[PDB]
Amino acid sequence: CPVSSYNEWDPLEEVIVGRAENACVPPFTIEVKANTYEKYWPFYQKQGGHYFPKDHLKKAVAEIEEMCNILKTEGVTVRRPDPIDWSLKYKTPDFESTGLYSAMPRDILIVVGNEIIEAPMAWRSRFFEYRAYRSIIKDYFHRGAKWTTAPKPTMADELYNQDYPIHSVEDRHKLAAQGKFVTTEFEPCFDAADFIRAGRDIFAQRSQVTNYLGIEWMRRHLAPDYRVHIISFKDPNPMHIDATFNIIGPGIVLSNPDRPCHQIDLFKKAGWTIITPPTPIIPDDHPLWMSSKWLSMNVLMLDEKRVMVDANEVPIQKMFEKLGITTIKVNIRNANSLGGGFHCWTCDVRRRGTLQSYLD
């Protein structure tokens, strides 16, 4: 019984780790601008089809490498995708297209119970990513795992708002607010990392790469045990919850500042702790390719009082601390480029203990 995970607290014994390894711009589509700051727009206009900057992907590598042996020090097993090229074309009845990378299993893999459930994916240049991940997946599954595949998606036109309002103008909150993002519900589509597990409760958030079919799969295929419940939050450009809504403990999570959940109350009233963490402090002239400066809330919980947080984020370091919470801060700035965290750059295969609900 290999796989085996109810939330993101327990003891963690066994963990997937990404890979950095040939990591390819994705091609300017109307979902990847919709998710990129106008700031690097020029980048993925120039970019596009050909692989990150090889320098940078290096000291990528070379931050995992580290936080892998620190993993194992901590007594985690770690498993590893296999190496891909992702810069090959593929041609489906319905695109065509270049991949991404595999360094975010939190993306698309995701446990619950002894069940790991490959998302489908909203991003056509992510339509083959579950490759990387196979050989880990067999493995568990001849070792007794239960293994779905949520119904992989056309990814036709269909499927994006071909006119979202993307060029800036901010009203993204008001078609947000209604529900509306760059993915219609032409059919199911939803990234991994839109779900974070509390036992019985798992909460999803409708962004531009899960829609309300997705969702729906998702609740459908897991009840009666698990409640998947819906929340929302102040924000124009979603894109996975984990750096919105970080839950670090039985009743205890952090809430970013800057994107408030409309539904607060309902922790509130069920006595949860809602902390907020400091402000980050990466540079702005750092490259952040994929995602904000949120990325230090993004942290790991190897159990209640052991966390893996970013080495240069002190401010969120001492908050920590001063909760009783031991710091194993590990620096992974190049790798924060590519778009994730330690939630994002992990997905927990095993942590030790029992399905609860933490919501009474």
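Numbering follows the first chain given and starts at 1. In this text, rigid core is short for the largest set of C-alphas that superpose within 1.5 Å between two forms. What changes on going to the form deposited in another entry:
Once the two forms are fitted on their rigid core, between the two forms the CA displacement reaches 2 Å or more only for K174 among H286, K174, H229, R200.
Complement to the form deposited in one PDB entry: the form deposited in another entry:
Since only the chain itself is given, any partners or molecules it might have are not part of what comes next.
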């Protein structure tokens, strides 16, 4: 069976790497607003529905191609999604929208054991995103893999607080603290990237795009073999956990200094090594349409001692080096603008290893 991955560090053998092609700026709706920095709101407001700057896309295509070259050199089989024009405007009985991209396979696909799961998503512009990955998935299915699609939301107005009182990322942090997000508990919704795997235990966070109902669906679906845990952080990332709490080995985790985990003690009690990465050196003038500067910690482990880290981020390179982990430096500075780093731009389909517990 081609699909088999229980965690984020076992020897990587196959991966899916996204595409920057035809990436389209999402229309400026409430959920887009709640998941981006104020600095970019007028960008979304004006560019919505058009393609992201093509000169920028062209550089990202190049960076990602090089990344694929390096993976193949490191002995990893690379699969890529189908090219699709994301500008097409579709219409469901609940809404009408243009698409986004298929740059981040981690946002939509998660692999637990021999099973590939497609997330429902929570953004209207990402409703038909699964279309780009179906060729790959059907192939794995024909070859024995289990295939699951979580319940696709209707994404009707009832799923969103159209009145989410956010005027700055400062307001959003406060609301998040109060337990208030842009998504209601109207129906299950989630991004696969809000879940991070560690064998028998998976960790998730209720975020702007992943609600309690969505986590419950995962929990109920994977039990009894896996335990999904809910953890929280201070000033959390509006969406996705992989640049906030990135698990890099059996009991080692990168905890973003700016988003401390409220349940950090559960990990200290387990005898886990909490590593706090040094600050990103990326220039503040460089555009990050989604995400933040902390993409520097969004690393991909080829194995326990080999990490694919950004070529520009020298300080975090040294940290890995003092730890005895070989750094494979790749530059994806323009690809970063789309919203992700190495962990985001990939989905590990097969890692050589077995199911185990690391929480004892």
